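Single chain ahead, by itself, as structure tokens, in the form solved without this ligand.
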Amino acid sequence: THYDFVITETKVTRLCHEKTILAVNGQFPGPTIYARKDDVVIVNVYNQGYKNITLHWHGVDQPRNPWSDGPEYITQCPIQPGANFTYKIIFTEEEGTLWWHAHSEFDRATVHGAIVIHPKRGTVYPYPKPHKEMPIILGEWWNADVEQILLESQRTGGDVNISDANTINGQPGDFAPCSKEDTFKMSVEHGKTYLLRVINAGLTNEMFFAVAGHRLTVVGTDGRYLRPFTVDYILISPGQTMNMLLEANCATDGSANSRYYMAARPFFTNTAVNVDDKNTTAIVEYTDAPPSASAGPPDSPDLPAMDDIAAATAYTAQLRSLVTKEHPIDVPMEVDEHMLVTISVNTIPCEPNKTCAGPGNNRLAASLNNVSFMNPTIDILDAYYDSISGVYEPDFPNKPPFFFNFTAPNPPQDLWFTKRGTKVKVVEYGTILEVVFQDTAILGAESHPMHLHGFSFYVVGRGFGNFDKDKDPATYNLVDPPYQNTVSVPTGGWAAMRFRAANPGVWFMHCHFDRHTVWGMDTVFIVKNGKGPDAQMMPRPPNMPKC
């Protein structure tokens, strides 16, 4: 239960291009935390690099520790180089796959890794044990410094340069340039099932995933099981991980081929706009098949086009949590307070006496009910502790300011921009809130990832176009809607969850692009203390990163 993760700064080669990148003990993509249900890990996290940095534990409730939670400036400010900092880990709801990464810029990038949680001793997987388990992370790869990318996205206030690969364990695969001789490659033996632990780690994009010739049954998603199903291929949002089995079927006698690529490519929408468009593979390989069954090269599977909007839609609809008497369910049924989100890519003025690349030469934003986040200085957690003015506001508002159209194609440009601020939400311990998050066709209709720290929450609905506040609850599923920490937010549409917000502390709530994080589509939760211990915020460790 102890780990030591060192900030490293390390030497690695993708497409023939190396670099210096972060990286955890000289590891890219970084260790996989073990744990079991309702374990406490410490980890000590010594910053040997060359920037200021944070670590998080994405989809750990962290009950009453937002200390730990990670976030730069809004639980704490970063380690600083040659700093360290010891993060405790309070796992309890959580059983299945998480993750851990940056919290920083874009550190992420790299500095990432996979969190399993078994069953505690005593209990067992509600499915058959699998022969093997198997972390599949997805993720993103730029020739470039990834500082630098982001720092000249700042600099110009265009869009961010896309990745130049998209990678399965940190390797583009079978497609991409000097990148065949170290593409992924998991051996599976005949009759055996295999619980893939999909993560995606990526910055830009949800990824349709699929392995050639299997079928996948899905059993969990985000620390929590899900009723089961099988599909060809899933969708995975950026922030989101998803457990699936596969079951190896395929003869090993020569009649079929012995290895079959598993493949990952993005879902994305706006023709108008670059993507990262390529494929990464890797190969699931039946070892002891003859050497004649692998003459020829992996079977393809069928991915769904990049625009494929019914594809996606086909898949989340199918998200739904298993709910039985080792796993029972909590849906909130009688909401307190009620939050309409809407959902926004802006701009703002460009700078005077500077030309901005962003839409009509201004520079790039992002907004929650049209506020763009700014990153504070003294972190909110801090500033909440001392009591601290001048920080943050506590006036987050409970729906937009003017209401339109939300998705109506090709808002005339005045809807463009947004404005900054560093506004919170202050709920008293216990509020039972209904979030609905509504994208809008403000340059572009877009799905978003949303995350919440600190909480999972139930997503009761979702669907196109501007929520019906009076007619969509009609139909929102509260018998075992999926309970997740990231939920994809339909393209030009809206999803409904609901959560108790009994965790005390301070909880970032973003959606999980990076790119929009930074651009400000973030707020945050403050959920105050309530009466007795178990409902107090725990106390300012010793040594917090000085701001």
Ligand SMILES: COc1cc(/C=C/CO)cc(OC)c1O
Given for the second form:
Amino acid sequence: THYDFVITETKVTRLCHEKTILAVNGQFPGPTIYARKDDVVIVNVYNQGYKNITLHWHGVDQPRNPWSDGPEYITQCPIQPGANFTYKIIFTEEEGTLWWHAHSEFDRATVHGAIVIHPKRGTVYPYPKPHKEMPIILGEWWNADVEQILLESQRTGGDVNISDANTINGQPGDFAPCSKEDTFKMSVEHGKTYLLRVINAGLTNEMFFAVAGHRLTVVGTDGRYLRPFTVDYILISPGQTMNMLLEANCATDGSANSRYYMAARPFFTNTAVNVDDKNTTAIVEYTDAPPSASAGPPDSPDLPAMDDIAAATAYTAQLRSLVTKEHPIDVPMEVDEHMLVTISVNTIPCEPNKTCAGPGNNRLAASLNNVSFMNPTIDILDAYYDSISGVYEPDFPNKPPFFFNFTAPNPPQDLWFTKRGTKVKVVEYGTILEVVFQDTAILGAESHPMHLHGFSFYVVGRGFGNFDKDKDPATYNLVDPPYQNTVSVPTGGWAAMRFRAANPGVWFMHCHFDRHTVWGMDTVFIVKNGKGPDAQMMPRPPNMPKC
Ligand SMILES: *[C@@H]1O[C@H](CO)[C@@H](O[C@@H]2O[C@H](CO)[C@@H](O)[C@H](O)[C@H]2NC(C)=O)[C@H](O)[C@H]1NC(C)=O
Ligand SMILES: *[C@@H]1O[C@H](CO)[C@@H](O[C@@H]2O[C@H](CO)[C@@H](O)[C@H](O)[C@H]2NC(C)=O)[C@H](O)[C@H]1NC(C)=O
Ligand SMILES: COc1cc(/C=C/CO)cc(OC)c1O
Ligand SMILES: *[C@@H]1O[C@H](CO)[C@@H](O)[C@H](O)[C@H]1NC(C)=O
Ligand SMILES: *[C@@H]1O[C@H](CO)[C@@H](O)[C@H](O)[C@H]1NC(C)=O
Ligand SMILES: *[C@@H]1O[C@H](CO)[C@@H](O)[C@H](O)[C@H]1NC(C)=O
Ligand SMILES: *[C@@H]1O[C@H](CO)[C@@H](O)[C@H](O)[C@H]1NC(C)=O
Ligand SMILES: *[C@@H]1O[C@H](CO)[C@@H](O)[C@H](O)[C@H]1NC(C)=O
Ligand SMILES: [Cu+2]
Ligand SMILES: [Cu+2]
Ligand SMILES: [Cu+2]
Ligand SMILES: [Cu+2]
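Form solved without this ligand done; form solved in complex with this ligand now:
Entire complex below, previous chain first.
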């Protein structure tokens, strides 16, 4: 239950391009954290790299413990080069696959890895024990330094350059230059069942994923078991994890191919904007098969087309929490407070005496309820703890300031603009929230993977168009809604979720597309202390990084 994570400058080559990246213990992707349910894991982080950095344990509630949550300028100031910081990871309700990643600038492009939470001693999976288990991390690679990719977009105000490759476990696969020799491969035996722990650690796109010749029985997401269902492909958004069983029963007598492509490719609908639409591949190989069976290329799966919204919708519609005596559910039935949160990509005016590259030669930005989040220089949590004025404003609104036909295509150019601010939403301990995410069509309808630190939540409804507060709740799933930490909000639509705010602390909420995070598609919940020691935020650790 103890790890040393040294942030290292590491030389890595992909697509024949060598660069120095930040990595953890010289590994890209980084090491897997292994835990069992309810473990407490300690990670000593030594920053031996060239820049400020933080780490985040994605999907771990961290009850009463925002100090170890990681988001830069939200719960901590950064770990400076040459400094260290000890994170305490408190696992509670989570069982399944999570992941960890840098939470500073675009550093998670290379600084990320898996978290595996096994059933605790004396318990077992709700499904037959898989023969083997394999993390499958989907990601992106840029040939350029990712710091330079970010800085350039900061300077121009235009869109972030697309990645040069999509990757599986850091490897682009068979169809990228200088990549076929090191394509990720996994061995399977006929008749055995394998648990694929799929993590979308990319920065930019939701992804379709499939394995040629093999159906996938999805059994969990975001650390919570799902009602099992079997499919030919999945959709997975950045931030999400999805666990699924693969049954390796293809013929090993030579009558069938012995190699099958695992493949992923974006789900992306904005036909106006560029995208890294390159597929990424890995190989599932039946090892106990004759050498003649691997003669030709591996079989390829049918992936949905990149703009196939129906295929995305059809996968997401199947997600339901597993509800059993061993795995019960607690859907909040009586809501204390409703929020409607509009999600938009925006512009702000270009700074004086400069030309910008965003829409209308303005600067790109993003907003929640038309507030474009701006990081403070004293982190929110310290400001909250020490009652430091002039850092944040506790009046993030429950509703957008101006109602309009949110999802009507091509809104007028005046609706592009937003306004920066550092606003948070303060709630009393135990408040039951229904948060309805509403995509707008400003600068293009787009599916946003909204993520809440400190909590998972029940996704009780979703639909296309404008959420109707007087009709859509009538068909909410209040019985077994999926319990997620990151929700794919529909393209040009809405998603409703509920949770009890019973974790005292300072909790970031943001789109898990990093470009939208930096552009300001974020806010913060401050959950006040309740009554009782168990409802008290932990005290500040002695060696928090200085601001
Ligand atoms: C989001 O906020 C921006 C900035 O406050 C709003 O844009 C302003 O709109 C008013 C008229 O309502 C103009 O007088 C200002 O000049 C605008 N500011 C600009 C263009 O920077 C925008 O209307 C809001 N959008 C919403 C609420 O959807
Ligand atoms: C790395 O992080 C540190 C801590 O946030 C930054 O140092 C602070 O910079 C602000 C300017 O915004 C000063 O007001 C503080 O006095 C600094 N605190 C220190 C030095 O402890 C530093 O700027 C960051 N580096 C980069 C490149 O962003
Ligand atoms: C739909 O919102 C976007 C608009 C734009 C428009 C950019 C024009 O400069 C870019 C984006 O990044 C991929 C967006 O996510
Ligand atoms: C880590 O940082 C602390 C300062 O907070 C320092 O005292 C210590 O020597 C550093 N190195 C370790 C713990 O190995
Ligand atoms: C981003 O892409 C453009 C090509 O569209 C290229 O000119 C530019 O150099 C790229 N930026 C970086 C930092 O590589
Ligand atoms: C991936 O893309 C390459 C290049 O377009 C294509 O030849 C190959 O068939 C694709 N693979 C799959 C599994 O779709
Ligand atoms: C900077 O912008 C102002 C306002 O548009 C303009 O009057 C001034 O000439 C500019 N400075 C230059 C071009 O050096
Ligand atoms: C809102 O916009 C949609 C899409 O154009 C349109 O079908 C609908 O009629 C509009 N609703 C109202 C009330 O104008
Ligand atoms: Cu995350
Ligand atoms: Cu998170
Ligand atoms: Cu986050
Ligand atoms: Cu987004």
